[PDB]
Each structure stands twice: as structure tokens, then as C-alpha cells.
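Read the single chain below, which is given as C-alpha cells and is the form deposited in one PDB entry.
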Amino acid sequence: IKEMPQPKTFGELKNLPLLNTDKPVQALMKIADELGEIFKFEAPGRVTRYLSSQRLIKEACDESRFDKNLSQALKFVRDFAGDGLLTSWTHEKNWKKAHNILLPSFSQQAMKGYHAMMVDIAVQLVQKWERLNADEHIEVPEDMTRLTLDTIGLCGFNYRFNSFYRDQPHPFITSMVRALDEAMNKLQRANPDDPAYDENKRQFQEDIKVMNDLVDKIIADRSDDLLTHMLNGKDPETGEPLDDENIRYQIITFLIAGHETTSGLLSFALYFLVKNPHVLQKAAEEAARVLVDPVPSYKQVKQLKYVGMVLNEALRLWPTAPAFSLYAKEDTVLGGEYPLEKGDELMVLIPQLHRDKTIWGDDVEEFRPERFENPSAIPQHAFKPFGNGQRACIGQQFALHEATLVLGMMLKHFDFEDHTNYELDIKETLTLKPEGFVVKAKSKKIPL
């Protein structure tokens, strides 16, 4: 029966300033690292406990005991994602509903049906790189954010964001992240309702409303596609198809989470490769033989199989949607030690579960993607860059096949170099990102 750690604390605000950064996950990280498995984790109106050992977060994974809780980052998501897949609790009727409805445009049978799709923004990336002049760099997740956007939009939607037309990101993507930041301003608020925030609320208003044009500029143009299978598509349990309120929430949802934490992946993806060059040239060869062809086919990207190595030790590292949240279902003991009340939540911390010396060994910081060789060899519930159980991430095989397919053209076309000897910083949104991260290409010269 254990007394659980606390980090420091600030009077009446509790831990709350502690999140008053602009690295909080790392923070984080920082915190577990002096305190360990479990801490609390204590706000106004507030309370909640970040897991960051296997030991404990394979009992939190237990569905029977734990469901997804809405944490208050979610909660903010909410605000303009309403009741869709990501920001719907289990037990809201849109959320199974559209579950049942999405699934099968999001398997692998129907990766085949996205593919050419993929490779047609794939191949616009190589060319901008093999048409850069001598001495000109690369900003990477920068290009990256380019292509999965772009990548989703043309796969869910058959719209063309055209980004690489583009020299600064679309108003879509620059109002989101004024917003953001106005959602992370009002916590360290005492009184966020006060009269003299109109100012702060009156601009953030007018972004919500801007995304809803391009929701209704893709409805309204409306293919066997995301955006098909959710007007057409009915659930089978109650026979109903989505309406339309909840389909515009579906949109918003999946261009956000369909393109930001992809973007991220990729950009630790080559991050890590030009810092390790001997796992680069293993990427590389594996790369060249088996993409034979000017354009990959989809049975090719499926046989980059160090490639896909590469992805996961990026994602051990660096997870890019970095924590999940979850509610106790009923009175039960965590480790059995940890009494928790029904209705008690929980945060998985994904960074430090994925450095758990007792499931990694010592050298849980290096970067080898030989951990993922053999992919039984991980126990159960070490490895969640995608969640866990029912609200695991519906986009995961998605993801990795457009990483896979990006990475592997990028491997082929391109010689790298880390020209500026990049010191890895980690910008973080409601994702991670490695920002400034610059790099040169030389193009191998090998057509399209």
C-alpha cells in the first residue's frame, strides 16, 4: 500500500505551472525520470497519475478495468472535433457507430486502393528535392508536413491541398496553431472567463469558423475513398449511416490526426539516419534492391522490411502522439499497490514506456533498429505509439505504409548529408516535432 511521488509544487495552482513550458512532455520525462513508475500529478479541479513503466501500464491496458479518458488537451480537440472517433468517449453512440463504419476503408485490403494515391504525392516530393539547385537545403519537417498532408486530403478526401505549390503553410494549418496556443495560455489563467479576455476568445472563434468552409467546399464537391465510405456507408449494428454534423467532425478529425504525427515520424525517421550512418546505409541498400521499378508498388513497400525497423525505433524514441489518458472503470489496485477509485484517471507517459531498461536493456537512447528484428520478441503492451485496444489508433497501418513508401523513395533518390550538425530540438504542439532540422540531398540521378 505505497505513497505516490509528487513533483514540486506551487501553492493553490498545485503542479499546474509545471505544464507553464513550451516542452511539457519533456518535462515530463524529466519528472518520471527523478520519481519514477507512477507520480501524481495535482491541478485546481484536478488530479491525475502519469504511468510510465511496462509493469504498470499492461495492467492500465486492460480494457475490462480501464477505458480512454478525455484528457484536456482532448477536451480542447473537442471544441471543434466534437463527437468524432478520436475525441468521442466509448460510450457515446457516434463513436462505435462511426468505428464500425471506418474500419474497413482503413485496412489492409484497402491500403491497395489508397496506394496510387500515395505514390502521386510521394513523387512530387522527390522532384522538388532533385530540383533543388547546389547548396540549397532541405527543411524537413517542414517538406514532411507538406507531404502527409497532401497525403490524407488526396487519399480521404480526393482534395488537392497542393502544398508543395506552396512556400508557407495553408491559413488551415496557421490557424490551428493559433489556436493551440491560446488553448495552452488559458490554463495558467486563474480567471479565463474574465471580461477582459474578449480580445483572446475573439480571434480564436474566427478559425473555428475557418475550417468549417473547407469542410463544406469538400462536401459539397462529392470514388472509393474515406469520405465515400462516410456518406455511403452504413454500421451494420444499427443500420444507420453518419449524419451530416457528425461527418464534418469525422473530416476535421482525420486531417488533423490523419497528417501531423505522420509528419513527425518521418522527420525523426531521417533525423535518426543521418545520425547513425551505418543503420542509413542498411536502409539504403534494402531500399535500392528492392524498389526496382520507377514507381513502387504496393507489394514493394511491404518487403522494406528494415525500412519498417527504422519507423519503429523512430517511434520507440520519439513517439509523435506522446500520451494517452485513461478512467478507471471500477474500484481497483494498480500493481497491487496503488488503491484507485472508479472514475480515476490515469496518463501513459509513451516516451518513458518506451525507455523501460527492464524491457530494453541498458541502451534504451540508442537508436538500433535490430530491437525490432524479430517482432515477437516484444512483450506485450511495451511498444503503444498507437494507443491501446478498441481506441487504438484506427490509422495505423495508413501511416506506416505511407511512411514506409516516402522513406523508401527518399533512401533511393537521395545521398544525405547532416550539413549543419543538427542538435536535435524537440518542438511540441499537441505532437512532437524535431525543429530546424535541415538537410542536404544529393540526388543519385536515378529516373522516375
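Between two forms, the rigid core is defined as the largest C-alpha subset superposing within 1.5 Å. Positions refer to the first chain, counted from 1. Compared with the form deposited in another entry:
- Of the residues listed here (276, 175, 100, 72), only one shifts its CA by 2 angstroms or more between these two forms after fitting on the rigid core, and it is 175.
- Put the two forms on the same core and the Cα of residue 154 is off by less than 2 Å between these two forms.
- Positional change of residue 290 between these two forms stays under 2 Å at the C-alpha, relative to the superposed core.
- Core-superposed comparison between these two forms: CA of residue 247 displaced by less than 2 Å.
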The other form holds:
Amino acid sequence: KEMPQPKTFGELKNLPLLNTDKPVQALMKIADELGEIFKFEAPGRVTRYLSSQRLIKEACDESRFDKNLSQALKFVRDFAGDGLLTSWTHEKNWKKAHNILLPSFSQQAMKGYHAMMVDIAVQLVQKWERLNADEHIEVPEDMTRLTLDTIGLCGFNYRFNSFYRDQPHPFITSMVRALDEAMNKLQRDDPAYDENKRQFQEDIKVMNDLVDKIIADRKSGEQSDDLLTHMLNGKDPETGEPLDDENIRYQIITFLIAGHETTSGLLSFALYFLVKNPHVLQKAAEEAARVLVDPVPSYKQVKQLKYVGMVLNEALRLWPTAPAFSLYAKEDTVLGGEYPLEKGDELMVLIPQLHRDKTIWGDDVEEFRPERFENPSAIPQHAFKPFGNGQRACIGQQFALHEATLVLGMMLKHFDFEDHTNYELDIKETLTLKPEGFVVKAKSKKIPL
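Target state, the form deposited in another entry; input state, the form deposited in one PDB entry:
Below you will find a single chain and nothing else.
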């Protein structure tokens, strides 16, 4: 009944606890001490952090709780607008865009995106085959090059050409800088931040201008197998209305934000766990070698990379790269039979803690064991939520998994990998998670493309 709460800082309450450069990891350690639920207070804010499957299975009841915009999502809303990620469920553009865009994200739609994903994956492989001896790979940097180009090409037929660059593209310099200012507002109205505010607005213009220009450019009349084409021609069956031009821009910005970082973190964590668990890497490499029998993987071959998928899911279990989502109570209700909640009360789902629920997973929760995911139907309901929940779950889940399976499968086919530094896991936190400074050496197996 009485809810635990971590240490306070006077009038700032719990907020200075987030004034740290690893806040998710700080929140995990608080859950380790306090258990399945703790109250987290800030000036003007009250929420509760959930960590057990028993409580989260209830928070996930869509009849009782809806998606809430966390403070992080409200700041991203300043440039993602009413895109799909940062809109409320009752907002008319959510359901409209949801109905128009769901078909472009089905497993059936990945048959059309596959060729462009292979385009960028081949560039990654060729980059690595062209390294000189004893040169190394900066893994998260190269996975980010791959994911951003993949979504740019598949989403709106745009080539960021990240593998031709050292300093990232100007659009993503401002975009990453906007996301960086959003996270900083969390752990902060002084005049010293006025520079950041003026810089934030100029970053929004850089983003809107490039995107709004592409929308105007295409509207040429050309038709391509990309999200942008479906967004100019699609009509919501419900209202019979197409998305208006402002909403298309928000979706494009949204897909770029939601696209690259979460997926590049997954690939980066997957490769870290492979080089730290050589038996698992051997099993994944044997699968890649025997399934990917052509110089260019096909869509069907990728679907046969079952163990590669298990590696991906277990990497998502330990470090889900979009590590929380937020909910509010639609009506007065009782949580777990012990925590009465009022209408509008907020919950945070701490995904990495959920995924360490010993009562669900047994006691070896910290060990990387893809064999946990041999039979996916066996996993209890709402114990594994890397892609969120319900109708507000990740619309790009199939896209992200198909890209990551394809790319990891090709990496494992084409190179042997060496953890030549004995890399010490160091998780850098933005709004997403990635293993900072992770480096490897790749020895080519000299298989042609």
C-alpha cells in the first residue's frame, strides 16, 4: 500500500537524481533497491516507475491505461509535432496517420524495402572489407551510418551518403543537436541556456527546410516504393482524408528520429554480446553461413535467420534501446490490488528492469542466452516489451528487425570478429542507449558480393 520513494533534494524532490549522465541506469539501481514500484517526484510532476511483469501486465491493459507523453516526448514534440510518436491517442492525426501508415510497415511491405536495405548493407560490408590490416571498426558510429541511410532511402528515396562522410550530414547535425537539447531540458529557465534556446530554434528550421523541400520536390510527380509516396497518395479509410502537408513533414522527422538511433543501438549491443559470448557467435555465424548462400541475401533467406533473430531479441531483453514508455490512468483504478490510482495519474514502464524480472526469466537474468527465445509463444504476456504496447506499440518493429537481421546476418557471413581491446561495456544515454567506444577488428572471410 505505502509506495517506496528514493532520496529527495528539498524543493527539487527527486529531480536532481536525473541530473546525471546515465539516468536510466540510475533508475534501474533505484528499482533494485526499492522493488517493483516507486514514486518519483519533481516540481510540477508526479509519476511512478514500474519494474515487474505483474504490475506492467496491468498497466498494459488498454481499457484501463492510455499512452502518456513523458517529459522527454513533450520536448521531442517541439520538432516531431503531431507525428505518430509524439501525439496523444485522441488526437485526430494519430489515428488517421496510423491507418494510412500501418500498411507501409507490415511484414509484407518489407518485401519492397528489402532491395534498398541491401544497398546500404553492401556499403557497410564493402567499407569493412576495405579496411587496412590492424585498422579497427567504431561499431556504434558505423551502425548509425547504416540505420540513418537505410531509413532515408527506404522512407523518402533520399541518400544521406553517410559512408562518404566523416562529419554527419547537416540535417542530422541539427537533428542530433535538437535531441541533445531535449534531453538537457529534462535534467535542468536561466539566461545561460538562452543560447541553447536560440540554437534550438535554428535547428528546427534546418530540419523543416530540408524536409519541406523534399515534399515539395517530389509533389515532379514520380512514384517510388517509399513511405513518402504512400503519404502523398494514401487516404485514411475512416475519415477518407489524406494527411495534410504539415503532418507529412512531422512523420518524416519522426521516422528519422525513431528510425536510426534505436536500431543502431540494437545492432551495436548485438555485436557486443556476440564478441563477449564466443559460443553464441559461432552458432550465429554457422547459421548465417549456411542460410545466406547467395552474394546478395533475399527477403526469404533473411526470414530463415532464426538464430540471428534470437540474438536480436536477447540483446533487446538486456538493453532495449528505447528504454521506457509512459502511461496514464483513464479512470480511477487500483494497481495490483495495492496501489489505488486516480484518473490521470502517470506510470513509467522501466523496460530494462521488466526484462530482468527474475520471477519471469529465472535467476540467470544478466546472462546473454539467445536460447531463451527458441519458442516465442512460450514467453508470458507483457514480460517482453522492447517495442512498447498495444495500438501505441512501435510501428517500425518489423522494419527494424528485418534490417537488423539482414545486416547482422551479412556481418556474420563476411567477417570474423575480434574484441581486440577487451572492451569494457560503457552505456552512453541520450533518449536511447548505445555502447560508447565499442570497437572491434574484423578479419574478412573473403567471400565475394
